[PDB]
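Student: Single-letter residue listing:
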Amino acid sequence: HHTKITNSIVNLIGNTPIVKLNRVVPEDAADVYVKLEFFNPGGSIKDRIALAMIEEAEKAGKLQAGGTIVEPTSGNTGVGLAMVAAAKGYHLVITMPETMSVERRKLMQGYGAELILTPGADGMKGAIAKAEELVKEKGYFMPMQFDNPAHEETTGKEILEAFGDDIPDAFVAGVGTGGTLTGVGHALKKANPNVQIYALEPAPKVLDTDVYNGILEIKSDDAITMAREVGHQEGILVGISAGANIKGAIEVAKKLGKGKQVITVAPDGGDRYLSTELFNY
Amino acid sequence: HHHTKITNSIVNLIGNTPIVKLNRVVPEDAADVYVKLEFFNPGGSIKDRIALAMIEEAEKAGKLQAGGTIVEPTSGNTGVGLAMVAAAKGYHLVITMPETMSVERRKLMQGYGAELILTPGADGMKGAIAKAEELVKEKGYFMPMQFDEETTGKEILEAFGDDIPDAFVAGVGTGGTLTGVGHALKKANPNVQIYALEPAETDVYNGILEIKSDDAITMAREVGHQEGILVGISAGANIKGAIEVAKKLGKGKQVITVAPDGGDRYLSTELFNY
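Order-wise, the sequence lines are chains H and E. Just so we're aligned, residue 51 is where the first sequence starts under the numbering used here, counting upward by one. Just so we're aligned, residue 12 is where the second sequence starts under the numbering used here, counting upward by one.
Do not rely on the hints blindly, as some may be mistaken.
Said to hold, decoys possible - Sample of chain H residues lacking proximity to chain E, with all beta carbon distances greater than 10 Å (derived):
id, residue
1, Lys54
2, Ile55
3, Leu113
4, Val134
5, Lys175
6, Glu183
7, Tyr190
8, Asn198
9, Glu202
10, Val225
11, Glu251
12, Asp258
13, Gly281
14, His282
15, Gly309
Claimed, not checked - DSSO-like cross-link-like pairs, simulated, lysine-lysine; straight-line CA separation at most 30 Å:
id, chain 1, residue 1, chain 2, residue 2
16, E, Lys74, H, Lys70
17, E, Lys16, H, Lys70
18, E, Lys118, H, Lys269
19, H, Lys304, H, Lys269
20, E, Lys32, E, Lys198
To be verified - Chain H residues, not near chain E, derived (Cβ > 12 Å throughout):
id, residue
21, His51
22, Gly111
23, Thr204
24, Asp215
25, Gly226
These are calculated hints, taken from the structure and not from any lab test. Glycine included, every Cβ here is placed at the ideal spot set by N, Cα and C.
Sequences and hints are given; from them, build the entire structure.
Tutor: In structure tokens, the structure reads:
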């Protein structure tokens, strides 16, 4: 059956659908499928990685029932975690600059996260320190950031779940640091040694490429064009970052050729870009 | 077996938003309450699957051909789902609407390649209906008729995941959806009780429920906090009604309701205090 009945919201975390593109892909390319992460507020790969870390903390005794998660976070990262935290039944404390995520914080608060606004003057440093202080002072559990070195097994399984156990010939995604992408690269590589992993960037900033086959750069105007094409032709209203990913995925698809599979991700919907030249008309 | 779906087409997701048990807000001695999370896909509603069903029926009947045009009137929160559906389907879509329609909603519709025809703001939905009807009469475009079949039934049942509850609760709307749902569910289970929710002020509804706005907001906040599902006010109203029904049904039975709206849409409102 197409409509899923599930006993818990937690089963949905990072489990947004993976959808074939049927109109914008060249006839001679690999198939391009897009994980529609923008569907569901806790619907990203990163979100299920965050759920994994929470489960592994339970397993390692480091977080017990009616405990508190503390996290120096912002954006759709913090929204995802707030979703995850409330889904799992834990009190969540988010520390952030007062200057960061006007209204995106109301989203976090909507999931019953406790927000601690740190002074603008320090930025992220002030937020990190306050979280660190809260660990030291209140005995809250702070997730280790994925990017920094100092289980892998549960991580891999969780990533595989977010893929629906589909192992592509190539995966293409945006990066913050590249941390998430590295974890994904590792998990996919376990299942297919030949998988190609591509970081996508817009047209200091220095990536760790150890697990990557390629860094792809996409022009902003191209990202917008691709997004509009997906909207019009596919009926999936993707954002600019999604559009950038789709454009990248197609490039890789043209190289791979017929009968291969490329997976990419749509982190963002068109909704977020109402002010931009995405919505001309 | 697998939680992430791999799918060949976006069309397969239309009306197929997940049905999720509430685990915290419902008394243990009540029926279970499940909520169709319609807001977690832009084409994710029951109404959207109904619209796809109508399109497929027109296709099969030849009332809509390849390279044909769908025309539909719209106002308020309505039109985005259809635009999704049409672009998914590969057809030209013409949407008629009062010039008083949200620029936001319009750009969304345009984002899916919809052609917008702005009808006089003074004539509201009636102007939009007449223009749509005029376009049917003039150019032979196909109008769904989603405004104030055996395969219809089956498609509604698919939007339920073939889960037939003891009770279903939803907002009245214009009439369309709730009527169709009530027929398909009663055909499937003659025992089913249907409840129509109204804002506190046919043969299909067993009961009319009224839920005060304050109640709706409180419910929605509790769902956000306790369940981790950021629902809107109208969802809150539905969940409150569902629980009331659930309390009367008792342990071992099932209430299905719908979340039409996310919390997102209400950042201005009493929902976001703090």
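Student: So, for every hint listed, does it hold in this structure?
Tutor: So, going through the hints one by one against the coordinates:
Remark: the non-interface label on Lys54/H conflicts with the geometry, its nearest Cβ contact in chain E lying 4 Å away (cut-off 10 Å). The non-interface label for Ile55/H is inconsistent with chain E: the shortest C-beta to C-beta separation is roughly 5 Å, within 10 Å. For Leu113/H, the requirement that its beta carbon stay farther than 10 Å from each beta carbon of chain E is met, with the minimum near 17 Å. Annotated as non-interface, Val134/H brings its C-beta within 10 Å of a C-beta of chain E; the closest such distance is 7 Å.
Distance check for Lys175/H against chain E: the nearest CB is about 25 Å away, which clears 10 Å, and the non-interface claim stands. Here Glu183/H stays apart from chain E, with its beta-carbon at least about 23 Å from theirs, past the 10 Å limit. Here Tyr190/H stays apart from chain E, with its beta-carbon at least about 19 Å from theirs, past the 10 Å limit. No beta-carbon of chain E comes within 10 Å of the beta-carbon of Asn198/H; the shortest separation is about 27 Å.
No beta-carbon of chain E is positioned within 10 Å of the beta-carbon of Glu202/H; the least distance is around 21 Å. Every Cβ of chain E is farther than 10 Å from the Cβ of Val225/H; the closest lies at roughly 21 Å, confirming the non-interface assignment. Look at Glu251/H: its CB is around 25 Å from the nearest CB on chain E, clear of 10 Å, so calling it non-interface holds up. Distance check on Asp258/H: its Cβ is at least 27 Å (rounded) from any Cβ of chain E, clearing the 10 Å threshold; non-interface status holds.
Some Cβ of chain E comes within 10 Å of the Cβ of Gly281/H; the nearest lies about 5 Å off, and the non-interface call is violated. Against the 10 Å criterion, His282/H falls within the reach of chain E, whose nearest CB is about 4 Å from its own CB. Annotated as non-interface, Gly309/H keeps its C-beta farther than 10 Å from every C-beta of chain E; the closest such distance is 15 Å. For a cut-off of 30 Å, the pair hint linking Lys74/E to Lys70/H stands: about 28 Å separates their Cα positions.
This hinted pair checks out: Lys16/E and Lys70/H have alpha carbons roughly 11 Å apart, not beyond 30 Å. With a CA separation close to 23 Å, the supplied pair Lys118/E and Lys269/H stays within the 30 Å bound. The hinted pair formed by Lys304/H and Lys269/H meets the criterion: a straight-line CA distance of about 18 Å does not exceed 30 Å. Of the pairs offered as hints, the one joining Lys32/E and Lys198/E holds, with about 24 Å between alpha carbons and a cut-off of 30 Å not exceeded.
Its closest Cβ contact with chain E, about 5 Å, brings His51/H to no more than 12 Å, contrary to its assignment away from the interface. Separation of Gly111/H from chain E is adequate, the least Cβ-Cβ distance of about 24 Å exceeding the 12 Å criterion. Separation of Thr204/H from chain E is adequate, the least Cβ-Cβ distance of about 16 Å exceeding the 12 Å criterion. Distance check on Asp215/H: its Cβ comes as close as 6 Å (rounded) to a Cβ of chain E, failing to clear the 12 Å threshold; non-interface status is violated.
For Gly226/H, the condition that its CB be more than 12 Å from all CB atoms of chain E holds, with the nearest at approximately 22 Å.
The earlier numbered hints that this structure contradicts are 1, 2, 4, 13, 14, 21 and 24.
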